[PDB]
Amino acid sequence: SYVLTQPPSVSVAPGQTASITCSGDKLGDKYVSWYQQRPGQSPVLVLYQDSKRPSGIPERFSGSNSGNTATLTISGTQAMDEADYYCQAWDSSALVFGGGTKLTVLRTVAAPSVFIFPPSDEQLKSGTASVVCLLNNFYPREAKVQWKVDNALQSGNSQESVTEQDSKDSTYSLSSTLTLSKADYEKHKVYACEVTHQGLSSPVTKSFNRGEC
Amino acid sequence: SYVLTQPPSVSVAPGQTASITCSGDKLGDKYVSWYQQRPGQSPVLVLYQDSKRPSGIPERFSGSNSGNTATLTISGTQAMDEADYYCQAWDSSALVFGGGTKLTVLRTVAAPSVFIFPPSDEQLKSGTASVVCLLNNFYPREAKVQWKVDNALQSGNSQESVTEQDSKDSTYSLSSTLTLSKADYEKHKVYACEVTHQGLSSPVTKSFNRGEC
Amino acid sequence: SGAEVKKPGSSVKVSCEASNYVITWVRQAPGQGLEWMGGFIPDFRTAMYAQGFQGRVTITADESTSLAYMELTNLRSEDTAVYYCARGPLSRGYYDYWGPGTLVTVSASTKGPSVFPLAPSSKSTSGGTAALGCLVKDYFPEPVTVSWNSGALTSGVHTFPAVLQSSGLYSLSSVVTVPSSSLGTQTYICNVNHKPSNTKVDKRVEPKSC
Amino acid sequence: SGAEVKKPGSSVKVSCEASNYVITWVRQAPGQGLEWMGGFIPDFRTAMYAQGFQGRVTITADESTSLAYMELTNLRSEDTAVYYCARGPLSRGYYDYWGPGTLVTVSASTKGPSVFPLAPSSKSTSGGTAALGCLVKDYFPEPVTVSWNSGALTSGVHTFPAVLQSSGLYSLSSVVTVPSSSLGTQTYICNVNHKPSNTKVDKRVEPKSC
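Same order as they appear, the protein sequences are chains B, B', A and A'. A prime marks a further copy of an entry chain.
Under the authors' numbering, the first residue of the first sequence is numbered 1, with each subsequent residue one higher.
Under the authors' numbering, the first residue of the second sequence is numbered 1, with each subsequent residue one higher.
Numbered according to the authors' numbering, the third sequence spans residues 7 to 24, 30 to 221.
Numbered according to the authors' numbering, the fourth sequence spans residues 7 to 24, 30 to 221.
Since the hints were made in silico from the structure, they are not lab data.
Every residue gets a Cβ at the ideal spot worked out from N, C-alpha and C, and that includes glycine.
Misleading hints may appear alongside valid ones.
A few chain A residues that don't get close to chain B', going by computed Cβ distances all over 10 Å [what the hints assert, rightly or not]: (1) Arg56; (2) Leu129; (3) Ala130; (4) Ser133; (5) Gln176; (6) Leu183; (7) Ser184.
Label-pair ranges, simulated between beta-carbon atoms [what the hints assert, rightly or not]: (8) A:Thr116 / A':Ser192: 19 to 27 Å; (9) A:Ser161 / A':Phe55: 27 to 35 Å; (10) B':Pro58 / A':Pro154: 40 to 48 Å.
In silico contact screen, one side only, chain B' against chain A (beta carbon under 10 Å); selected entries [stated by the list, open to error]: (11) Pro119; (12) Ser173; (13) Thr179.
Just need the whole structure built from these sequences, with the hints factored in.
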């Protein structure tokens, strides 16, 4: 014979704190529980008695209840936290549920962090050099990597691999590997990978000089 | 340090008795067991101590051992019995297996048995007549059913359904249903279904006269 | 579970596994929130009922199978929802386990079958083989299931795939071949089930009288 | 189970669940019959060995996990077969249970990887983030698996899909990003496994010395 109201929608980016409120007249008088529900799945209890966490629920989930408002807080929100959340109250009489909040975890542009790795001395002993360029935690997927050796554009001697969208932050990562003979590697000085991506205002180059600190 | 030999191949038709022999010098001195193996599956024990059947093995499986020869007999062989069979002997020293017999259950031509069913009196009370023609346990699949009413060929007022290959005998069955109004059904005398199938030397007609014994 | 279709005015039964815990039934309309329907307390064998459901919620248990059941009767279109069982500890007001959901859609197009005999011919081969069957006509949606003699008769049975008629309703036949010599002494009964319409029909099939 | 590829000279281990019963290992070459390899008697903790295998069959057990194991060493092409565990009652000479088969194919093309460090840059951002990794090069077939610090380090790890090189061998990298400030005190070890070649390598990845 009373109603609970939650916002229909909350959106956050990965790592941000999500706050989901449950409101009804004199709600702090009672005990509130929180359920997570994924599409086509059954609800799962994430909090009870305002703020107690069941076994196996990650510690980033916490809660509070006072006055007319109870709050589910997710610290360091992860992509996998995208779901519907329901509050449920108990006054001893009737089991009542909030209308639910859809939590959306938004994945928008992220420029790659770029790293370049010379071949190890160990590998060089075997007569081959692998030079690796890493583009880490970027979005969206589209990215161009070009290799230059002593400013000469390389073609045909590199291969790329890409990860699936990360379960925590929904980004991609990509490795590009340049393969040269030891002889060729030793013939040149400057090794560079040039990266073009929507998140960067212009193409970014990471480079090293062979045989340096 | 002795060998068991089984025929590589046995073939039977459904319902026939399959006999699979296992031979080796003085085999009747010892205890023989039989294993059934399906493609990509693990063997299953079907008989032990010559002729004892494990729990859940159908009674159509039986066996014997005497002299230089042990025999697995399958009475009323079913399509599902198609498999490799291995005999295994025990002399107390070494576990030895026969080379295996592939049992093939051959499905070749079978003319349909044909049956025709007038509509029930109950259905007729509702204003509709369903006339059913059954083609039972035939092979191969291809079959033509034509309906005639007072010798007039019918078109557009029948539908057919067919079963999957039967697990025991690998045959098909087919029903053809002719649907008429009660008014039309009562206007005509002779109801006939004509069946054409590879197993029949000419097309076979089953018929009835409305309102007869 | 998964998904069931039901006719308006029919009923749906939701079962749950049944110390110091309560069983609760909860439903969720498509795109909507959660609504409590009732519950059962196994240790006291008492039921709780939500007022919004009038008297349409029947709650029963079976001590032996440790199952408890919620039946919702007199179904209407607005009862279309996912139905859950939940469990929690007594007097705490939370549910730490939720069973798998069943989608129940209440659809006016649902229609139960008529069942007619396919009677064995009086011209069957003496000491040969006769055929008989049941015609299951004019139902929606699929499926119907058919057994013979409660499932005790399986040899020679063929139950055909359903066909969609021009009416938009389904039809099928189930047949069996038996010894002609048996016709005068053996009984043959087809058991037809169409869950959407709660239809459960036994039809005895006999040689037509002359 | 399912299927494993192995290099000539490597070994394959087949495990089985371990009163009054014997465990037996049996293999079956593709398109061929069944061949006994040995067995184990859990109640007496004794092994039996087939002479055809020379001394290549090692039989061990673990009382605690009630598992017994057959290892076949010095693999050759002719050891390509489906390998089964079977069980039967003692002194009866039959096997009433057979476990699921594992297809083991012994292929000369099998090659274990070389593992090289992707060392963290000495120009990494002070109080920012550094990247490091392991390059796993020139193996066949797939897969390799990589963990960090026995699997204790998962945050910021990315292990890339393998790429087929023009050589016909696979390569991949696994990287991790960590605090720059950690580089001088924290240890990072990649654990690389390639089961086909029985390769198991731990590589410690450190800032390159200057």
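List in ascending order the numbers of the hints, as given earlier, that are violated by the structure. Per hint list: 2, 3, 4, 5, 6, 7, 8 and 9 violated.
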